[PDB]
Amino acid sequence: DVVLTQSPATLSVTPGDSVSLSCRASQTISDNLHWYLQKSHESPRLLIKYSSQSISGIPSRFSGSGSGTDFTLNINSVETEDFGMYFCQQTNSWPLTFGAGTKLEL
Amino acid sequence: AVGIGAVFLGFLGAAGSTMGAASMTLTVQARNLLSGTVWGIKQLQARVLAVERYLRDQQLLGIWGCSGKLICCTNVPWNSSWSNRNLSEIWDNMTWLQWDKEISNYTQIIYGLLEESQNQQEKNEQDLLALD
Amino acid sequence: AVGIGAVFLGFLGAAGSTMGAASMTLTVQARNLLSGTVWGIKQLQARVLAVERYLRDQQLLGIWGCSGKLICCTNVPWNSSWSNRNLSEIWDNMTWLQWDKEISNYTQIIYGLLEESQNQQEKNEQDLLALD
Amino acid sequence: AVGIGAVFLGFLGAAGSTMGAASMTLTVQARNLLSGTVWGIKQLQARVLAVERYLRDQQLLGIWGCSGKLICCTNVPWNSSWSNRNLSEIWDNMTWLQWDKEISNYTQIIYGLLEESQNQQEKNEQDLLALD
Amino acid sequence: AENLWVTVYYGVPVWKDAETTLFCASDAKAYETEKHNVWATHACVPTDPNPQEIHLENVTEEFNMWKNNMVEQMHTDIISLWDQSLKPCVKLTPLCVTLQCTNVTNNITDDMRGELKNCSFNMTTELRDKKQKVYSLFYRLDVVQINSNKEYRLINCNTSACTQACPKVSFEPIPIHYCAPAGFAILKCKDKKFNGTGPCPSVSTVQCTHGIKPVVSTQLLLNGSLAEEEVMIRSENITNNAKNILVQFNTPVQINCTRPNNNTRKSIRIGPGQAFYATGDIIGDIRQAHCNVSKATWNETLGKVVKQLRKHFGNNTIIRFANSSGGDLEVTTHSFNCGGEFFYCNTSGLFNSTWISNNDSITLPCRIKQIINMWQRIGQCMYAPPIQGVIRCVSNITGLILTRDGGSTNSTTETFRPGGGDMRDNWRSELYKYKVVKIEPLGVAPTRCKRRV
Amino acid sequence: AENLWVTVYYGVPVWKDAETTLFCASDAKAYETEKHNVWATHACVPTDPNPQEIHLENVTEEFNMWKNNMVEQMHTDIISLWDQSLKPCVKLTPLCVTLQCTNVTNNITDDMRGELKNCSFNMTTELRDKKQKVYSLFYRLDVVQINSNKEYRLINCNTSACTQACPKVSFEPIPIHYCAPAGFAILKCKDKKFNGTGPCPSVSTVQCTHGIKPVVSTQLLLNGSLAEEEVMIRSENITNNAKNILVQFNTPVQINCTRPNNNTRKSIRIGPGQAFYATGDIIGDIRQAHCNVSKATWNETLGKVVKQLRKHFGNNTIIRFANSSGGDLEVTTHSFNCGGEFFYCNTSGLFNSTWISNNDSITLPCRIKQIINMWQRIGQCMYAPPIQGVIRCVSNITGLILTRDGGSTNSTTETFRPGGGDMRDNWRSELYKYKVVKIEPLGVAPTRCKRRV
Amino acid sequence: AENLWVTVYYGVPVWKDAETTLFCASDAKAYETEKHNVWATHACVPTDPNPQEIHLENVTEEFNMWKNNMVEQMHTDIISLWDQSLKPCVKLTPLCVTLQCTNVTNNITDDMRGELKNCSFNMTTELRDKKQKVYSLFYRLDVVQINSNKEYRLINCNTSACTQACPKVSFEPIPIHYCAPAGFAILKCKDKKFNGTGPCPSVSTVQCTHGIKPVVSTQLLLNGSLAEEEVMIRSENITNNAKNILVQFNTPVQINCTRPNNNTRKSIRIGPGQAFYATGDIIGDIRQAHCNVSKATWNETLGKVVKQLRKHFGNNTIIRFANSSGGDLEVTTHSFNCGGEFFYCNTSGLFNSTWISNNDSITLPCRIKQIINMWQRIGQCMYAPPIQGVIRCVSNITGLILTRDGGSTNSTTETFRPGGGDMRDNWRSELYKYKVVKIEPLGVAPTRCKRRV
Amino acid sequence: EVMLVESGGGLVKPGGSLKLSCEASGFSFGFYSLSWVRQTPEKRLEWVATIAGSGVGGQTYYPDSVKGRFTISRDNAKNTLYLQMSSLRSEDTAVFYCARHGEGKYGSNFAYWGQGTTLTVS
Ligand SMILES: *[C@@H]1O[C@H](CO)[C@@H](O[C@@H]2O[C@H](CO)[C@@H](O)[C@H](O)[C@H]2NC(C)=O)[C@H](O)[C@H]1NC(C)=O
Ligand SMILES: *[C@@H]1O[C@H](CO)[C@@H](O[C@@H]2O[C@H](CO)[C@@H](O)[C@H](O)[C@H]2NC(C)=O)[C@H](O)[C@H]1NC(C)=O
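Protein chains in written order, with the working numbering: chain A, 1 to 106; chain B, 1001 to 1132; chain C, 2001 to 2132; chain D, 3001 to 3132; chain E, 4001 to 4453; chain F, 5001 to 5453; chain G, 6001 to 6453; chain H, 7001 to 7122.
In short, the hints are calculated from the structure, not lab data.
Using N, Cα and C, we set each Cβ at its ideal position, and we do this for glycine too.
Check each hint, because a few of them may be wrong.
Derived contacts from chain D toward chain E, CB cut-off under 7 Å, selection only [unchecked claim]: (1) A3006; (2) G3016; (3) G3020; (4) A3021; (5) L3033; (6) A3046; (7) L3055; (8) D3057; (9) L3070; (10) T3074; (11) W3078; (12) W3096; (13) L3097; (14) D3100.
Ranges between beta-carbon positions, derived for each pair [stated by the list, open to error]: (15) D:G3040 <-> B:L1097: 19 to 29 Å; (16) F:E5057 <-> C:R2085: 23 to 33 Å; (17) G:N6316 <-> F:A5043: 58 to 68 Å; (18) B:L1113 <-> F:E5057: 28 to 38 Å.
Model the full assembly from the supplied sequences, consistent with the hints where possible.
If you want it as structure tokens, here you go:
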């Protein structure tokens, strides 16, 4: 199975700052990478599709980059509502797998 | 890469797609074209307008060489004054809506060319049939 | 020059002319046959009279061997009890309106003759196709 | 004499007969399909219902390979999950009304099969026509 | 071999059950009478000769007449052309005046009662200023007392002002051939032993039905479609008490309804071009309208139907009859039309017998009502105008509509009672042979041929 | 060789005579006037440019206008849209009041007559309780005497309450292009010598007729379709006495009809939103409305038609004229419309001559009637409203409608007499060139080819 | 090679913009309520489940909602079926009598005024002779004085006698799914940021729209189609002063309209079968009908729309509001329906603020009018019948219809004023997602193949 | 809007069986591929099952940890997704989410997630 490794596991930042979240794949998932935010008591919510594609309704401060095995999620001025658990996910091969998540707390 | 994305191979499905994928399914826009006390006569005059604009294209197709083949070659060459585009692009670069703008001046020249190219092939078939 | 209005007649142009000159252009009578709160139902009842009597002759044409070819040979011989006329005259002597009177008793026998002459040869193509 | 009214039946004459005798005369059901201030709109809404349900079958007929030929072979094989019956029976044992109950689940699978088996044969004819 | 291939079949005999709008076919001989002397003689279609009634050999077909359609559409449009024939006629609003009615001049016996009251009133003339004072004659079933003295008013003056009937049109029945449109056949069950449901093993296809006469009788069906061999009875669950038993017998029963009053008409002018026909003098004597049936025939018909009823209820069953315990005046009576006037008879000297398994005529004293509320609609009635002279008609009783008596004990008797109820059940005695199917060609069958390229 | 084979030919020029419903083509220029200021200007079809009038060479065709159709349908639907243009307008029922009429204030000479009566009456206001007492002016041809004092009533108050006319609509004729549906052609006889019957050896096919103006004149046809070369007369049997002689002459005759009363209007309120326009004062003098024709032109035109009549009745025939000996006011007169008001003239200074084979103007004193019963239907009339100011129109007399005098002796004179009669005969002066054929393709002919397999 | 040949392509996805007649799709669940308790529930079509909303990838499309059609047809036919639901109802002609009205029995304070007048009159019964003397209650906005004493009449008695409303029907909005005919698609703009015009780069094709509720509010659009994310505003030229600002906000605003009079009904008999429902006694006290909105919600919503207006007019712009300076009672007020009765409120405690770029409820005093001239037609009004009991409703204000104030100076303030105007713009709040295209197959493209012989 | 609402979660003894349901509305159900993904009590996300959409091929996919045990199915006429679980293990304890994918080429991602239903196996 593809193991997705998200780094860091947890990160504390002040609202207004910017962050770069890492997801590294054991095989190339070149553009097969999506980002989701799951807040406490909530379902996950898609942030970024196919490594870099932005999602209608998701604020423009969410940006994605990366290719192959190394991927980065940028949040360029983090807001209070953005804090939560962050997942990367690959569609390169079965089974579908997720990263372990970055927990952003305030 | 697993290809789990949803695809809607339904009515007007390839309406933005290239010609090599739009000509794969032409029947789907074809077959959803006829079926699907004062507001019943708007049903009557909507039905006999639907069957009228169905009969108009089935008559203009019928009087060319294309009885019901829905895709048919012809004998007229393609004058480059019409489109002037490369061949290798216009089956995978552009789209059909880009074609209808790209040709709409040159329509009613093509429909006029088709009638003589059919009736000429028609009478040449009769002149072929008369000698034998 | 080339292209004059003398020999380029119009709708029903050769309607008194002989058959050898009326049969040069038959498409002109074919194609001008469909296109060209109480005064809307006279439009409705002109349209719903036009498309059935268009479809009925297009059905009697359809169920013979002649889908939309508009001139077609068949297999039934011409019994001289029908017309008894010479061949060398009846393409340049008489006229079409003289023909419809000259045959009008024997119609609905010919249209009745055509159905078995299509379906017997029809079943002979399927019996030919079944063995191989 | 020659010519009697016994075996020369009428409309729906062999409607209980076997398929090998019902397919002898299919045209008789064909020709009685088009011909035959408030009691005029029951004529209008019966006529444009007759010509609509006639054109719908002539359109589903049109998009297969069978324009107006009324009997036609095709290319799709007969999966025995549909009928599972012997061949030597189903042309002289059962009857057509017994067939329509015996198969009515499996239509619109066959009807979907016919369009793709025509349009695939159509584009393969075009790819054959394209190289020359 | 086993490579079987699909072959479609256009024009193939199969049909399905359906329902679409049917149309008339009036007989062309009734086209000589000019410009709608009856409703729907110019409006809908002239018929055809020799309708192609063609047999369907080796065909059995499950008919039904109780969940059948085409008796609802015929009731629908016959309602509609009844309303079509009343929109030209004159509205009768200015008759709601306080009447003053005395007895008519007659030899008043205490046993009989005055059926017709005088009722002289005031009504406006064509001038809006003047108001003439006119008199008439009126039946007792049309006035009620507004309350010494005795002053009436019209019965329909409460809740429903309703039109006169133009004397050009006539309410007589003409035959009507119902025809299917193109693409639809009409199956006709030719079985001489055929109840409601059940497979009919002898059918035949037509395009136009035989000439149906639309009559209006509640009890005692008239003038149409006698049975073939026996007296056939037919119902739904015969162990139900809510489903009528439509008797249809083989030989006709001659009725001799009459009205022997002379009943001279007169025309009162309501306004500009609004005539009103009122009955003036009665010449001769004031006698009651009656109907006659032969007692030997009627008793013979109950001798037939008590044999056929035992086919459903076993033998040694003491079948008796009674006289329709209750209901409205239009259900307790044999309510019908005769020449344009509306007799309400009293079938209670008829339906009164009892039968165990081991020349004169019956006279039914009828009575006439001028306003008419056929089909019991909410805001309609119908002032039938008077007609001149003695009125007489002769009709064939063809079928009855009985109704059992809903017992719940282990008795033997079955006191049958007549009852009309819905008028559709009359027309199910005419449209039970015919169903309408939709031809669905383009079948499909595998055979061993392949479309060669 | 001799093995000739059937070959069908679709799209082949043959036609048969038929009759189906045709439709309008109103001219598009008459579409600018908004929302039916005249009847039938939005209801039916906007026209086409350059209608394809195409000759049919080497074609002779037996036309007819007497057993012709499509002049019955145009009269039918023009009746029908006349009834379509009266359902929005206000019914004028509450005018049937007992009038009280005196003479109008005028210099009443015994030779002249008081044409207009005063007729002050009572009429309801918009309130249901009050009744104002209003006055008007009325012609003598609209009141009859209810029989000291002198009190009248309306003539149509007997038997026909009829509507007012909304001043939005207009009675002007607009051109109408009749067009055939798909599959039908319109043959037009282009022969400059063509009587009633007979083969017309110069036809031409159109799809839409020229712009026909529907007018209503009884005698003296107006404003349409002058003849080509001569004055052509045409009828049915000229040895019949019941068939009119439709004269159609070549040069127009100018008429100068006028009405010199000022005729001020006023609005009486009938009820809620129901205005009624009655003529109030007339300013100036009460003078009679007339028409003028040139005496040199009219006498020259009768000199023409007495030449053309001798072509049918031989020479040395003393042709004379007379003035339609008797009849009603609507057949003895040239009854017409002018600007929305209805003149009844007196053609008796016109039709009075005698002719043997060897600058001033004629004034015709007309008279106006306001209620109108055109086509003589049973329960209709039409209260035309008054119109402001002096009324004057100018029209071209194009054709006459004569009638011979049914002699039975060996005389020479032929006292011709004018007579309008049926209005369809007007449109036979417009629809004699046109017949409608049905295109019938799919012919069949034997030739030497066989469908190979 | 270069010898490219024409090849036609039938059944090819292209469309053009067009306009044809669309039809209903009533929900089938709304078919249980019998015989048109709302308009168009038996007349037009039962709907379909799951309408095939199918995406159109890589498609941008130039929508429009101002030159859009299908908001003219929906307003046209909704006018027409509003007249269809008034043609069965009873005409209310005999009420035009000179009333006599006093104050209602109430604790009359000088500050409040008598809203309801007594108005006892005379009216005919079903008998033409008798005339009952009946009394009623009437609002002050329905009587004017005919000019001691004090006697009124109806306001609409001038120029427009108009019908009562049958209590079978109901004025509630039901959803309506408009569907295109065969050959026509309905493009739906799926863009979450989409003003009026502009290319919508995310479309989807349907065949039937979602369930539209037809309401009638002038200001304060109700009960329909809230916005997605922001408060969306859309107009024509925002530098125009004649174009309304169709505000559409995101969260609903709850209104609590009521009428606290008990207002007991009673039935007066007009004539034969003509009942008339008049309000008898009012139980309790005569208190004013009002509406409530939350002040915390209303001030935040004006805080939203003053941000979105500054998005078009820049920042540091002192936006203020005012109260629709003048006009009729149906444009200066929030005129709406609630349970079958017609409230006219007073949005002047609402539209009164000013905004600089730096628990209680608002009560709106409404008032009721019984005759109704919705859409301001010429010869119509509408007597709404009274209704029993205390009346109370709760609705969601969804969108506003603002209007700028046409300044011409270099000021900062922009005193916005509400204004309804045409009611079509309400339905432009429902028909902005949808455009209707005509599928135009049979395209043509050159490729390298030739029809062999 | 697109709604997926799961039901059927519960407390199950090991070795038992349980069928979860997901009721969907707001989209053309059959065209989209649907999945079950679970979130463990430690909040890790694990894909559980997929059934492809009508234009995707409609096959089912499972990871090895559930193969032979879990079955994903759909009832397109009722817009419901099912997960039938058998031979349950304590490790199956999680919140199970129903999820809908996107559209076209860039739609194999999870586009919409349900609220989740809890399964506890112990
Ligand atoms: C309606 O009344 C009019 C006038 O009041 C009648 O017209 C005349 O009636 C008298 C009756 O004695 C006749 O002598 C006249 O001949 C009638 N006038 C004409 C021109 O014929 C009319 O008869 C009455 N009836 C109808 C049916 O109209
Ligand atoms: C019909 O009558 C009503 C009242 O009788 C008129 O309404 C008012 O009439 C008075 C005349 O004294 C004017 O001062 C008012 O301005 C009128 N009201 C309005 C709102 O303008 C009405 O004008 C009359 N006419 C019509 C066509 O309704």
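Going through the hints against the structure:
1. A3006: violated, 12 Å
2. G3016: With a minimum Cβ separation of about 4 Å from chain E (threshold 7 Å), the hint on D:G3016 holds.
3. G3020: At about 10 Å, which exceeds the 7 Å cut-off, the nearest Cβ of chain E leaves the hint on D:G3020 violated.
4. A3021: Cβ of D:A3021 sits 11 Å from chain E, so the hint is violated.
5. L3033: holds, 6 Å
6. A3046: holds, 4 Å
7. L3055: violated, 12 Å
8. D3057: Because about 5 Å separates D:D3057 from the closest Cβ in chain E, which is inside the 7 Å limit, the hint holds.
9. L3070: holds, 4 Å
10. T3074: holds, 5 Å
11. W3078: holds, 3 Å
12. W3096: Holds - the Cβ of D:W3096 comes within 7 Å of chain E, reaching about 6 Å at its closest.
13. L3097: holds, 5 Å
14. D3100: holds, 5 Å
15. D:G3040 <-> B:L1097: 19 to 29 Å: Once the Cβ atoms are compared, 43 Å apart, the range 19 to 29 Å for B:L1097 and D:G3040 is violated.
16. F:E5057 <-> C:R2085: 23 to 33 Å: holds, 25 Å
17. G:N6316 <-> F:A5043: 58 to 68 Å: holds, 60 Å
18. B:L1113 <-> F:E5057: 28 to 38 Å: Hint holds: Cβ distance 30 Å, inside 28 to 38 Å.
Hint violations for this structure: numbers 1, 3, 4, 7 and 15, all remaining hints satisfied.
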